[PDB]
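Chemist: As a plain string of letters, each chain reads:
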Amino acid sequence: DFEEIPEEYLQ
Amino acid sequence: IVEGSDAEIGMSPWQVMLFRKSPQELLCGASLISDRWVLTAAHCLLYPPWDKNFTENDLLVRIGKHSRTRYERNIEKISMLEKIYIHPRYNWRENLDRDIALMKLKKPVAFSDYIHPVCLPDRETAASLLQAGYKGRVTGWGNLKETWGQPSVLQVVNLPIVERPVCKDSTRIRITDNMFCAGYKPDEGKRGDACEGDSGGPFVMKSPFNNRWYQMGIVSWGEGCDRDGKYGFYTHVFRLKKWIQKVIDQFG
Amino acid sequence: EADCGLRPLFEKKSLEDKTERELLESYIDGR
Ligand SMILES: N=C(N)NCCC[C@@H](NS(=O)(=O)Cc1ccccc1)C(=O)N1CCC[C@H]1C(=O)NCc1cc(Cl)ccc1CN
Ligand SMILES: *[C@@H]1O[C@H](CO)[C@@H](O)[C@H](O)[C@H]1NC(C)=O
Ligand code: NA
Ligand code: NA
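Residue numbers (full-length UniProt numbering), protein chains in the order written: chain H, 62 to 72; chain E, 364 to 511, 518 to 621; chain A, 333 to 363.
Bear in mind the hints are in silico, worked out from the structure with no lab data behind them.
List time: in silico PhoX-like cross-link candidates among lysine-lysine, alpha-carbon distance up to 25 Å:
| # | chain 1 | residue 1 | chain 2 | residue 2 |
| --- | --- | --- | --- | --- |
| 1 | E | 384 | E | 470 |
| 2 | E | 469 | E | 384 |
| 3 | A | 350 | E | 559 |
| 4 | E | 610 | E | 537 |
| 5 | A | 350 | E | 554 |
| 6 | E | 446 | E | 615 |
| 7 | A | 350 | E | 508 |
| 8 | A | 345 | E | 440 |
| 9 | E | 498 | A | 345 |
| 10 | E | 615 | E | 467 |
| 11 | E | 498 | A | 344 |
| 12 | A | 344 | E | 440 |
| 13 | E | 498 | A | 350 |
| 14 | E | 384 | E | 415 |
Here are some, though not all, of the chain H residues that point toward chain E, as calculated from beta-carbon distances under 7 Å:
| # | residue |
| --- | --- |
| 15 | 62 |
| 16 | 63 |
| 17 | 64 |
| 18 | 66 |
| 19 | 70 |
Using C-beta positions, here's what the derived DEER-type ranges look like:
| # | chain 1 | residue 1 | chain 2 | residue 2 | range |
| --- | --- | --- | --- | --- | --- |
| 20 | E | 475 | A | 346 | 15 to 23 Å |
| 21 | E | 554 | A | 333 | 33 to 41 Å |
| 22 | A | 333 | E | 419 | 18 to 26 Å |
| 23 | E | 617 | A | 357 | 33 to 41 Å |
| 24 | A | 351 | E | 612 | 29 to 37 Å |
We put the CB at the ideal spot given by N, CA and C, even for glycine.
One chain only, chain H, in its complex shape:
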């Protein structure tokens, strides 16, 4: 339901 956030924040 949430738009994917940029991968940089999940690293």
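Once you have looked at the hints, place chains E and A with the ligands on chain H.
Modeler: What follows is chains E and A with the ligands alone, placed relative to chain H:
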């Protein structure tokens, strides 16, 4: 937020969304109190009855948001946590007494038109404004009703502080001096409340003395959402400010 | 902190939001 309205752009620039990394979902609200510190409710991070015990690496904060679900490119900023601090006398076993926590960000966030800190109350501002009938404002992306559903954008509701005997008489829980309650009475012709997902967000008041917004409360608990004869309960930020200050002074 | 609680799109521009007056009207102390 039940029976609120859509926020205006930049209306609550201290609003923070606590966001779970995996699965990606809303966890809670929170507020920005400086370029490096975010305030929330302890039960957003630690609540053993519901098997909740998040660590720093489980979570992100999202600051500057308006839309609930969108990635707000060039507006919101996403920060990682350096460290969580939960009040050492937070009482999750009984009544959520001292329901307060701080999160230190890994790097300072840049302020903007959409990102700006709220003030914490001094003793005198708290004494003046924390009075029955005086209204504060609650914001969040939590559910729109107790049973259902969820908002497109940040919701806002203004609610009056309630006399302490009325708060106490609305519940079987032991209320403490570290809590206050707010909401309309059944006979008052207006309604509104926080709800699931609004936990940890701010109850703010605009001082009429210096025209600044102060965070008086943290969204803590309520028996359902927006039920007649129930009220929302908020952590009394001023009463816990010495602890806030001790944490920031020691670890900031 | 010196600038806390003053919103860029409201207080900093002397613009009021649509419901803040409801809060002010509830504050009796200091009138
Ligand atoms: N045990 C009691 N007799 N009273 C305390 C219940 C506190 C709990 N409420 S609850 O989750 O809706 C469950 C409930 C419902 C009706 C009666 C008893 C219990 C609650 O609010 N909790 C339990 C842990 C998380 C927090 C919460 O949901 N906070 C969000 C919140 C905050 C506010 Cl200010 C208003 C409403 C809500 C939504 N319930
Ligand atoms: C919360 O979880 C952490 C996991 O790092 C654990 O060390 C701690 O004992 C837990 N606290 C409670 C009250 O369960
Ligand atoms: Na009671
Ligand atoms: Na109610």
